[PDB]
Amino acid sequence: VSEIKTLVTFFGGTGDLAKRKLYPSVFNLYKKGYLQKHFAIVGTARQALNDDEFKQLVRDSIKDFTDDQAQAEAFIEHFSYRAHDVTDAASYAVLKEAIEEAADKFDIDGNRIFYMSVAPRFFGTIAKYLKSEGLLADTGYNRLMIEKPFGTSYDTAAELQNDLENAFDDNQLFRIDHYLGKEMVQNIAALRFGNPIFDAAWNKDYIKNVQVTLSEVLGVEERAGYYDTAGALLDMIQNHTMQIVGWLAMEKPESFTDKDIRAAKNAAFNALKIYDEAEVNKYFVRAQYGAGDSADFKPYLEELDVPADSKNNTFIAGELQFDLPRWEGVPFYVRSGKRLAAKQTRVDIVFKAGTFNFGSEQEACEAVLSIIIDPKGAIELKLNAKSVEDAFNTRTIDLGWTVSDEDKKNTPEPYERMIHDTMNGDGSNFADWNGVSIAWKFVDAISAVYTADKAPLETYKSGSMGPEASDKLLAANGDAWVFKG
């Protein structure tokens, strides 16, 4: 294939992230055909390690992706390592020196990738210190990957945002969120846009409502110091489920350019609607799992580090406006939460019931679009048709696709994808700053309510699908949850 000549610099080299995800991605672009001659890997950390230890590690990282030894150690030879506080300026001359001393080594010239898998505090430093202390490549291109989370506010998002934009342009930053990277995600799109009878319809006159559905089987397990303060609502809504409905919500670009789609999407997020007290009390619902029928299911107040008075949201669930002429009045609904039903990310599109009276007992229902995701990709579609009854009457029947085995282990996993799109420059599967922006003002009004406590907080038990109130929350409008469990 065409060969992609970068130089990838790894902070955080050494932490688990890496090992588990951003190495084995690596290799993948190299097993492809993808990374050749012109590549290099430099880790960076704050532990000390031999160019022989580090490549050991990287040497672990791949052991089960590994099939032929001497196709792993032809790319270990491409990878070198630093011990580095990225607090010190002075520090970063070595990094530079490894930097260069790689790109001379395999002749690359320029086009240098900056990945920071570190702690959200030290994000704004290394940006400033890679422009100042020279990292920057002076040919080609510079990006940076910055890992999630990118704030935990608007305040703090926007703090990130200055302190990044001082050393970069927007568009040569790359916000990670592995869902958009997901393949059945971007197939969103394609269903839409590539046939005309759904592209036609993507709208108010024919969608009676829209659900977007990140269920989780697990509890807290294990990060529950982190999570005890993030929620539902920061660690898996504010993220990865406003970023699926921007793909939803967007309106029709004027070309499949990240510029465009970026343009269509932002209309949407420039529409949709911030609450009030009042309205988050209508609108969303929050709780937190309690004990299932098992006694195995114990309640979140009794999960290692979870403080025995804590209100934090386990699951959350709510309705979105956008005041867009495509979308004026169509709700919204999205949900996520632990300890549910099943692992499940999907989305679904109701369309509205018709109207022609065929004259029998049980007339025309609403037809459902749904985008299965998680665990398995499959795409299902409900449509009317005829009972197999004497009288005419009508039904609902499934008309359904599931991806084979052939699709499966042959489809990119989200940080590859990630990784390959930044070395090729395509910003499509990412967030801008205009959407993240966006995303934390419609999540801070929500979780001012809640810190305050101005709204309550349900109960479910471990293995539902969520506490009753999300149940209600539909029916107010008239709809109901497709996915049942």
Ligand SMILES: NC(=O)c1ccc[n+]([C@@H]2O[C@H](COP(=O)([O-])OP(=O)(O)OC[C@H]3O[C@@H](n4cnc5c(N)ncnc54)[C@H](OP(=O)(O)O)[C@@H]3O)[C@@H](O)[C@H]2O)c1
Given for the second form:
Protein chains: 2
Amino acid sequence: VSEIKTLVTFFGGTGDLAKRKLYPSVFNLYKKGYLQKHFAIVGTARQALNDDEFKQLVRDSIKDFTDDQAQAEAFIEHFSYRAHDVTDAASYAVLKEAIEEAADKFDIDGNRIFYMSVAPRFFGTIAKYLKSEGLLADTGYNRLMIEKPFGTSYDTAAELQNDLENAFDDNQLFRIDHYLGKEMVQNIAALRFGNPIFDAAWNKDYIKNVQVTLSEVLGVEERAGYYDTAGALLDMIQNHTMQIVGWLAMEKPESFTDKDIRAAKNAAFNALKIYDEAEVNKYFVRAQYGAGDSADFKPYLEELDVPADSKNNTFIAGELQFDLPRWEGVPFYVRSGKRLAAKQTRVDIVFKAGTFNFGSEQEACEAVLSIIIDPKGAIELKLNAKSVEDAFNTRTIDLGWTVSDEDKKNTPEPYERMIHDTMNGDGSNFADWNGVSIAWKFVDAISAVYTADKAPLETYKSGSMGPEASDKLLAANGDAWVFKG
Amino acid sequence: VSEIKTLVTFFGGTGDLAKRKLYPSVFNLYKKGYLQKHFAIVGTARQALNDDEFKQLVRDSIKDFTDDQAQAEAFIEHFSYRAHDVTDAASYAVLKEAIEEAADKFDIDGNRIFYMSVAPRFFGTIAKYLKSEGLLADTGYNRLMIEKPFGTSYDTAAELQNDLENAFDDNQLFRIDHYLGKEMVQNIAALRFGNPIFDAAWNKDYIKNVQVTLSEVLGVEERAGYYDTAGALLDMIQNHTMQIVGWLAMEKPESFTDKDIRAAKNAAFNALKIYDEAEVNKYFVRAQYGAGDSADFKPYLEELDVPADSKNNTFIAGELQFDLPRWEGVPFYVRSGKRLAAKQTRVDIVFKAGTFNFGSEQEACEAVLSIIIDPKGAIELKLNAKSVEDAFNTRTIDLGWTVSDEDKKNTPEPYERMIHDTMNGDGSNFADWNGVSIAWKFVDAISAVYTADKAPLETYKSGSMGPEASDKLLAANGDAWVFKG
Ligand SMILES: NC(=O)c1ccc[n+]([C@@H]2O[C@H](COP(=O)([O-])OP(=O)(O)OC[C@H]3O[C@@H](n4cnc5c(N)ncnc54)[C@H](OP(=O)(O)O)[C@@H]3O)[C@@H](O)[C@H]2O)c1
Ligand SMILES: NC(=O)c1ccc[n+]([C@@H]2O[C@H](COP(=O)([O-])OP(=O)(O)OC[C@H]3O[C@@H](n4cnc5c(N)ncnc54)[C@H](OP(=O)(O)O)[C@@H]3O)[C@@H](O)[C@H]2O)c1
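Having looked at the form solved without the named molecule, could you now put up the form solved in complex with the named molecule?
The complete assembly is shown below, putting the previous chain first.
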């Protein structure tokens, strides 16, 4: 396999994410032979540790992924550390020095990746100092990996983007969204464009509606502190759901290059309808989970640290509309919520029923293409066939495929994939500025109605798939949620 | 369920087919409540039996399908018999009498079905006498069920048709072909017309080639006496294969009525290309099985009662061409043979690979829709998806569906279905004159080249899928057999 020559700096190197997810992911790239001799990893945080102590931290982090002791040690030898406060400009001179020493020791010409595994408030600060204090390489590339979230409204995101653009171009920004790094999400484009029978049918003349579900069975848990201010709207819709929808609604690209894929996705995003107060009440539904059918399934307001006057949404369902010729009249239904009937991330594409008359009692129903992303990768195609009756009649049958154990074994973790894509300079599995800003504009419009309490807050029994208003939404267009639980 | 009022006469009533297949099939229709009070079954043959003895014959025939003794006896009470020689005109007066007595006893107004379970040489004779001797009902319908074969060449079939048309119209003729009475064969039209994504793709712009396989693992066995003069050509191709192809190549009908289905099938049959000597050598392959990989798999010439100078075909493979806009440039490959790798009756529809460039090492292959009819009903769709690799690449995955045990339990035997369809007057699962005559014209053209030895006779190892010439045939158009064994 070909060698990747790169120098990666991990801000928040002693963090939980760094030791649980980042280091093991990088180790994997080394095991596969992508990282060989010309690469270095510089960790940093305020904690005063020397190179040996940091190496031991990394050693303990990759412990459970070690087979060959020699292999582990050869990898660990590529790490170095430097204590540093991100708010102290002068202190950046010390980190600059460590970076240059590492590049010398391992002979790396530029090719720097900066990973921000720190609190969101530091994002803009760090980027500006990388530029002003001279940490950016003058050779090769310079890429920034920004952890979530990327803003909390269009305004803040716009501000962050502005600060980031001081030192980087948008094509150098890699916003983390682990859902886009999921293997099955990447199968959408393959199924669509790789098969003419689907490619030709991916439009208003064959599709009736598209449904995206991101259900969870757990509740707010110990995360009340954050969740109460975010809700399903900011925690699941704005980011994960919107980006999955981007893959589904995109135009057919000129080629499969990241640049062309983004242009095709943006054509869709730019045609998305932004709702006013009236439209929000008509096309969206917000809810909060009530009691379950036992006692441990307590209502959201009775959860720990939840203000008894919280009107936070633990569920969102809504209809999206694209003003593009291929999607004219095709609603895109989305829904995500806590304490629902099942944990599942799926896409259901409902095809219009055919008008051929068999003269049978039961006529042709709608065919459905389902792509289950979580918990296990699956693809199902519900088609119309002949029923086993004496008289000719139709029925639906399901053609299915499931990921094999061998498949599961070879599938890279989402973080490995994302770091690897960044080293490659491949932006196809990453949201760009345009897609993110539009996602924010769309969501802000809804938020405004919610914080101003200009829309009802619904309730639903824990364990159900949501309030009846969710079904009322689809019924208005003669549609129904495919996944019932 | 609604009651069927009918009087059925079984010529060859004491025959093997009558007691093994016919009577139990009719009994089933009674168990389901289709046959109630107004129906009678008149059996006939030369053997001198009285009504009691025939009833006992029927009793022993349905023995293994009895649960309720009372039910069995109520059914048996509807049977009567009359000794009769089909070559003796005068003797028909005696059968006429028995038929009219049965109609009185059970109050049946016309609605007569005559089943010919006798030797083929009697077919024309029986029909002519039914007319001249007055056995046809003057009220209701009169339908004739002709067992196989329907001729041995276009000439003989044309002669038989002429004799049959003395007393019946073609719409009253029901030619038996148990393959058309198979549940899965009837699922073709449902899959195609019931699903717009397939309906719209069932033409030259999406399909590369269609393949029909009717393989068997057994050899000529004890059937040398008949087989040696027929071959795979007359035994499997002319009848079974041609009619399955009819379902596949038909135009889209105006409605799903038997009349419209036949008109749509005939549009295809009429556009079928009849081959000359040159084309036969170029588009067809005849072979005979050689030795296997043990000793019990002896060559065809070493089979019992096989003339050491036999050039009989135990395998046929060929390309069919339809001169219709929807099939322009689309070859239909067919193959059937003995001592092949596996017993299987299937249809494989190869879709043209897409031209979208992923920039991957492995580009999009051809999608395949497979319909397995025998031994177990199955439907598979091979599609292009993303491979589980670090770099984006494509692979094919299989979406499958299999008939459930409950399905198998409810599926009517082919004979039950055929008799039931005849009582209903439904000709959709039956070949009409036009389809049969064209099938004969097509086959005769090939036969002529074979009996005149103007084409090579190939050889193949028992257990293989046929001679290499079979593969050479598809390779000429850049195609390959999907089912490898
Ligand atoms: N872990 C998860 O599962 C997860 C999942 C999704 C998203 N994320 C995101 O990843 C980022 C951090 O996650 P985490 O779980 O790893 O958090 P964490 O345990 O709190 O780690 C914070 C890191 O930042 C360092 N730090 C604090 N203040 C600093 C400063 N003033 N200057 C320099 N370094 C400073 C800390 O080291 P010192 O205290 O020694 O300075 C520590 O290494 C956040 O953006 C979070 O949203 C995490
Ligand atoms: N059984 C199978 O699996 C099978 C499968 C496919 C097709 N078929 C077709 O079904 C037909 C017969 O099959 P089979 O297996 O049932 O044969 P079979 O046992 O030979 O029966 C022949 C019947 O014809 C009667 N018969 C003979 N000569 C007659 C005459 N001169 N007048 C009146 N009746 C006469 C016989 O009764 P008498 O001798 O007492 O007159 C007997 O009942 C054939 O066309 C065959 O091709 C059979």
